[PDB]
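Asker: Model the full assembly from the supplied sequences, consistent with the hints where possible.
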Amino acid sequence: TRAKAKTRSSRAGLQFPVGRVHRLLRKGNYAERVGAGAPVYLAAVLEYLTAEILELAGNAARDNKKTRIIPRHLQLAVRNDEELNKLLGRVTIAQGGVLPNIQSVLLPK
Amino acid sequence: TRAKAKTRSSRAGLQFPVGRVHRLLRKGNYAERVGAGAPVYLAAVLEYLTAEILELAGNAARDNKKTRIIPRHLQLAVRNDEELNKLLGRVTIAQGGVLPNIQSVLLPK
Amino acid sequence: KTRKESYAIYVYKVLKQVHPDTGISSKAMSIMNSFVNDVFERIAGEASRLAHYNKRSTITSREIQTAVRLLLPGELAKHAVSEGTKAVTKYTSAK
Amino acid sequence: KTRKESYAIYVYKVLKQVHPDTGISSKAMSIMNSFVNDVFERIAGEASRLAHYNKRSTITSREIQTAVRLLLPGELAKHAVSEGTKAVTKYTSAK
Amino acid sequence: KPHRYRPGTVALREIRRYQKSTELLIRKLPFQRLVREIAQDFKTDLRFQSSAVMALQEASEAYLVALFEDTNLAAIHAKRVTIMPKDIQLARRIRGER
Amino acid sequence: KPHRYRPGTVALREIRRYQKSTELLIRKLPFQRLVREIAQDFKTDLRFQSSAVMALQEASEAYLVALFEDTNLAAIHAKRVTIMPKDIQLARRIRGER
Amino acid sequence: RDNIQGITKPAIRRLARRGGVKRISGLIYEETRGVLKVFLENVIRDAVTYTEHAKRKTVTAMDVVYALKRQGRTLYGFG
Amino acid sequence: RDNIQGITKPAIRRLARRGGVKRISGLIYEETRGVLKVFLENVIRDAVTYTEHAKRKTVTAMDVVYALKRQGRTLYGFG
Amino acid sequence: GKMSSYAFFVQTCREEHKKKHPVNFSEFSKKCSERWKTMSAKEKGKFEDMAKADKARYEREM
DNA sequence: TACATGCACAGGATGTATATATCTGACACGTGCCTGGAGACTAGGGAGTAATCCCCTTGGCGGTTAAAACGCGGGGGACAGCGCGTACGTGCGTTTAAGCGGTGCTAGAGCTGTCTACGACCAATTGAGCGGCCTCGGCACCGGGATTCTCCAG
DNA sequence: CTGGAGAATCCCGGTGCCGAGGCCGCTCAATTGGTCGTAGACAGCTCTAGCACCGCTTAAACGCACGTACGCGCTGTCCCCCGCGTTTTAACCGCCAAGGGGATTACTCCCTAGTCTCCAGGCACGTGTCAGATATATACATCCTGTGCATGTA
Numbered sequence: 010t011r012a013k014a015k016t017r018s019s020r021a022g023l024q025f026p027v028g029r030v031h032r033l034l035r036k037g038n039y040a041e042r043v044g045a046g047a048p049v050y051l052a053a054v055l056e057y058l059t060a061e062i063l064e065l066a067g068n069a070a071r072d073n074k075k076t077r078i079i080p081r082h083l084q085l086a087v088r089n090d091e092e093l094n095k096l097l098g099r100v101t102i103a104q105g106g107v108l109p110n111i112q113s114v115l116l117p118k
Numbered sequence: 010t011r012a013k014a015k016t017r018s019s020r021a022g023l024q025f026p027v028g029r030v031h032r033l034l035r036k037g038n039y040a041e042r043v044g045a046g047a048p049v050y051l052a053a054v055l056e057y058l059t060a061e062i063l064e065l066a067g068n069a070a071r072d073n074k075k076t077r078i079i080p081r082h083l084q085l086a087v088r089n090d091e092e093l094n095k096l097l098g099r100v101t102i103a104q105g106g107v108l109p110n111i112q113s114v115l116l117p118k
Numbered sequence: 031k032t033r034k035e036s037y038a039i040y041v042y043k044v045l046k047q048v049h050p051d052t053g054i055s056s057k058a059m060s061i062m063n064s065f066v067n068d069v070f071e072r073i074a075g076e077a078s079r080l081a082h083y084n085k086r087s088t089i090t091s092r093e094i095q096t097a098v099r100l101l102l103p104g105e106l107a108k109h110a111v112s113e114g115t116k117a118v119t120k121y122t123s124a125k
Numbered sequence: 031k032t033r034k035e036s037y038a039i040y041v042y043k044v045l046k047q048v049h050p051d052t053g054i055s056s057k058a059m060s061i062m063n064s065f066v067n068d069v070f071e072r073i074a075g076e077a078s079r080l081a082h083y084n085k086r087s088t089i090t091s092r093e094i095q096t097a098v099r100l101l102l103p104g105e106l107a108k109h110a111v112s113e114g115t116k117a118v119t120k121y122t123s124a125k
Numbered sequence: 037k038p039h040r041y042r043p044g045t046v047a048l049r050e051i052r053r054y055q056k057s058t059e060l061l062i063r064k065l066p067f068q069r070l071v072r073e074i075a076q077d078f079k080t081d082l083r084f085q086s087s088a089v090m091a092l093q094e095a096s097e098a099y100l101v102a103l104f105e106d107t108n109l110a111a112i113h114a115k116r117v118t119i120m121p122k123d124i125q126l127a128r129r130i131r132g133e134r
Numbered sequence: 037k038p039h040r041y042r043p044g045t046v047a048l049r050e051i052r053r054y055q056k057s058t059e060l061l062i063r064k065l066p067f068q069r070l071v072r073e074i075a076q077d078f079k080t081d082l083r084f085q086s087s088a089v090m091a092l093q094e095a096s097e098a099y100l101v102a103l104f105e106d107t108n109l110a111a112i113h114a115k116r117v118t119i120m121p122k123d124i125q126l127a128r129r130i131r132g133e134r
Numbered sequence: 023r024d025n026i027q028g029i030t031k032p033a034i035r036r037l038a039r040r041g042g043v044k045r046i047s048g049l050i051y052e053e054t055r056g057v058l059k060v061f062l063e064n065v066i067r068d069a070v071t072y073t074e075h076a077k078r079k080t081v082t083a084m085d086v087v088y089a090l091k092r093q094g095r096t097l098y099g100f101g
Numbered sequence: 023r024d025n026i027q028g029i030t031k032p033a034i035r036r037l038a039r040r041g042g043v044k045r046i047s048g049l050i051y052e053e054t055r056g057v058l059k060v061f062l063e064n065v066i067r068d069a070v071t072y073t074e075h076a077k078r079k080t081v082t083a084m085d086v087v088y089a090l091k092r093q094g095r096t097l098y099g100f101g
Numbered sequence: 010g011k012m013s014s015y016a017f018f019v020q021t022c023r024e025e026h027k028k029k030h031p035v036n037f038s039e040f041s042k043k044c045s046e047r048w049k050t051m052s053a054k055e056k057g058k059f060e061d062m063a064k065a066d067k068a069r070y071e072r073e074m
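Protein chains in written order, with the entry's author numbering: chain C, 10 to 118; chain G, 10 to 118; chain H, 31 to 125; chain D, 31 to 125; chain A, 37 to 134; chain E, 37 to 134; chain B, 23 to 101; chain F, 23 to 101; chain K, 10 to 31, 35 to 74.
Source of the hints: derived by calculation from the structure; they are not laboratory data.
Keep in mind that the hints are not guaranteed to be accurate.
Output of the computed footprint for chain F on chain C, the stretches with three or more beta carbons under 8 Å from beta carbons of chain F [said to hold, decoys possible]:
id: 1; region: 95–106
id: 2; region: 109–117
Pairs of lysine-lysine, DSS-like flavour, derived with a Cα cap of 25 Å [stated by the list, open to error]:
id: 3; chain 1: H; residue 1: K43; chain 2: H; residue 2: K108
id: 4; chain 1: H; residue 1: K34; chain 2: G; residue 2: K15
id: 5; chain 1: K; residue 1: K58; chain 2: K; residue 2: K29
id: 6; chain 1: C; residue 1: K75; chain 2: D; residue 2: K57
id: 7; chain 1: H; residue 1: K31; chain 2: D; residue 2: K85
Here are a few chain B residues that sit away from chain D, every Cβ distance over 12 Å (derived from the structure) [claimed, not checked]:
id: 8; residue: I26
id: 9; residue: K31
id: 10; residue: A33
id: 11; residue: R35
id: 12; residue: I46
id: 13; residue: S47
id: 14; residue: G48
id: 15; residue: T80
id: 16; residue: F100
We treat Cβ as the ideally placed atom computed from N, Cα and C, and that holds for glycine.
Answerer: Have a look at this one:
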């Protein structure tokens, strides 16, 4: 290394690790060879979907008068958003609980 | 000279193609390397499962008073067998039709 | 034009062991060729996951055996394991 | 004792951009790490089948883009494809 | 007077003929126009191999027929024999589609 | 006379508390012994990590709770508020789990 | 014009009879047509996605069986 | 004192209350113990199958989440 | 089977608070174990002799 | 007192099923060949092993208290008859469009041959990311008050 | 429709703690800068099979007339399940010890991949023929109202 290094994530403009994503694509046996544009695309998607679920969980935390995200706020985030509930349609979150819901015909009047 | 060749299936006592199954395991990117006992075990299992479904379909052909197997006989074979109906529990067979069944409270009595 | 492989001759060879008198329609043959390719990719895909979970890099008869014990229903699994063990044991005597 | 890798520092870096005043518990962090591992495998596994169907041996941005369009619901897919396209464009022009 | 089968007698006779046969029950040209009209929203000037619309019909009929079995069970669980939109909506919510 | 809540008043109060909160609802030692007993048939002298029985409990309670929601819908469909075994048997068959 | 109307009332009744249905309320036809249209949209979107990835102008029967397998509805008989 | 009887009537009522159930018939308890035992047998069998394949004598949380993931019931929180 | 040197220390520590100068494990284990944390080697030799008698019993009892 | 009306046939009518004489296109087989697999060989590294290490799972100590289990009254919901209007099954003229079988055309699938941009792989060399470590701050039980839904005699 | 007592759920101040997150040292995996072999982009060709249009015949769709069979509301009567006092029982709170067995490490060798050559197993294709698909008649099996026996009042 004659010049100064800069992480591939820094060229791409990402927080997620492009190098690790490339080593995982290589060593996962997904294909014979991995093109240099695939890790940066995949890292940007994982970062985006991570930002979505955390944004909604930080809203759910603030609205529950708390400052630390806990499994409850990830469940409340995922089950209220129409697309994230569809993506995570057959996943369970440990310590998540259930989304508050009562059928109207059970109510006391 | 070179000894007369014999197919790996013949050494195994099989009729399914051990050499093809080895190339498919290598070229499918399932793992870095494939051991010589894997194609033999897998070829035997595909031939067993083939013998089961064909036996039941040939019985269904004889019961339907026909000499040649057709998609109907494969559907009748699979859905009557309580374990092939688990193995193929979310497969649809083209031209298979439906297994005859009527709910008891619909009958005219 | 150029050659396409399929399981059709091996399906027909097995059919002539189990019912020497019967035949099979070409539509039933494309279903059987679909079934063989589907079960191949299911077993081999779980054998791949078993090898990766254990940090190995060779697929072997242990991987296939465990994949067959997970994928198949209860009585089919015991029979399939017996046929595979028999075949590898026979092959080892002549390989 | 021996090093175990996880996405936890990158999950924390993203959290501290979108809600800088909040934090995340150790049980929430292992859910987030599990989600990233699952979505990585779901995208890469479909990209693997896309390359194979088309006889190609290389995964590229086209395979990842198509796997994202197949795996994600409609409104997420438009954004995820836009963020991926922006990252490839910034990377290639900054390289 | 002319002959009459009693209401529901021909319905059972129809169930038995259509469980005996394997044939496709949707009319082919009407279904082919529906497939092209739905695809026109995703890509313009798209062509279809003749084998592809048959694959979509086989899948679509197999899906609807199985949904009607689940709908019939949802109706028969209530003390009824007539299927109704509520039975489809129950079957598709318990089956995790909605 | 002493105070009484009416029938079903405390049931709605219980529904609200158990939906507000994330606790596990089965008693831990009783569940841990059931896990070990079921495992004894597949292999004897098998040990368990303390987190493995928790993962089995989290998955099991999430499964039974998701089954009761579909069971409840199968009762409301039949004009009843009471759940009964015929509702669990419908819910399982419609989801393809029986 | 409207093409979903080509799924005729007799056609939906035949599908209901193969499903073992004895008696059909008159509101089932529009409910069905909606459910079929939603099913076809979900399969044909994926099938067109495989077609575009292949850089092709025809949908091919393999794109349909791949779209169906990718949704957990595996169709045998079309290769 | 069979170990399945440790799934008490109160515990089944709490699970049904989280599921939104207002009123419970007295035959639900045995039907629910039958369902739970069937669920646990299917998951534990596969977790033991992964355990034997590893040549290990202890079940590890990974064997459980792999068994659940293979059965299409992915659990998040245990890695 | 057999019993440890700590088990005989816990038993003798418990009898001291119970009837020598007037039980539940929950709160007592703090006082008992923080005493074991500075227990003298001569007392440890006595409790080791008790553990040896327990091990001699265990060799017969299995 | 002058016929009620179950009800097991008798049978007219209508469909599903079987025996059967001919026709034909889809099947099972025969063959030329060509390419993918087997026979014979070598090299290196994954996998099996034996030997500590150390760590976490299994077992154990009671008391008390909190959860389960029990007994009871009574209310309000499951469920079985009943009356009644209309919706959906059956069946007939009538009509409309699907299925067929030609014709004719060209977009585009599927392919070969080529040239190069691109990814693998190796040998350096760092700095990003992990384990161990400490500390102080968000959250979790408390303890009042207090307030806000619940039930019932007005 | 409700005033007022009862009991549960809540909002707030105070209180202790142990887990989040910030810091430091060090190994290990991601940069950087080569060489080089080939996967796939590209252009051009061949010719399959998809698209468009038409005429004719005929089953299927449709629109209506008709009349029970079904769905649904409402009543009444229990029989369960819920709310809650009283009694009973076993889960669970901490600490540690012993040792069973995952984890790691150093050795080493047998097994898998590469790399030749060089035929025979498996495909594309051509070819008769017989079993499945038609046919026309005939044969039981099933369906749905009146018809008399045999029920019982007058």
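Asker: Now tell me if each hint is right for this structure.
Answerer: For each hint, the structure was consulted:
Coverage of the region 95–106 of chain C by chain F holds in this model, with 7 residues showing a Cβ closer than 8 Å to a Cβ of that chain against a need of three. Here's how the region 109–117 of chain C fares: 4 of its residues keep a CB closer than 8 Å to some CB of chain F, so the rule of at least three is met and the hint holds. Between H/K43 and H/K108 the CA atoms are separated by roughly 24 Å; this keeps the pair inside 25 Å, and the hint holds. Our distance criterion of 25 Å between C-alpha atoms is met by H/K34 and G/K15, whose separation comes to about 24 Å.
Restraint check: the Cα-Cα separation between K/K58 and K/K29 comes to about 19 Å, which is no more than 25 Å; the hinted pair holds. Under the criterion of a C-alpha separation no larger than 25 Å, the hint pairing C/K75 with D/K57 is consistent with the structure, at around 16 Å. As the CA atoms of H/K31 and D/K85 are separated by approximately 17 Å, the hinted pair is consistent with the 25 Å bound. At the 12 Å boundary, the C-beta of B/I26 stays outside the reach of chain D, the nearest C-beta of that chain being 21 Å off.
Against the 12 Å criterion, B/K31 stays outside the reach of chain D, whose nearest CB is about 32 Å from its own CB. Residue placement check: B/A33 keeps its beta carbon more than 12 Å from all beta carbons of chain D (closest about 30 Å). Listed as a non-interface residue, B/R35 keeps its Cβ farther than 12 Å from every Cβ of chain D; the least gap is roughly 34 Å. Separation of B/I46 from chain D is adequate, the least Cβ-Cβ distance of about 33 Å exceeding the 12 Å criterion.
No Cβ of chain D approaches the Cβ of B/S47 within 12 Å, the least distance being about 33 Å, so the stated non-interface status holds. Chain D leaves B/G48 outside its interface by the beta-carbon criterion, the shortest separation being 33 Å against a cut-off of 12 Å. Every CB of chain D lies more than 12 Å from the CB of B/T80, the least distance being 15 Å, so the non-interface label holds. The non-interface label for B/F100 is consistent with chain D: the shortest C-beta to C-beta separation is roughly 14 Å, beyond 12 Å.
When the structure is compared with the earlier hints, no violation turns up for any of them.
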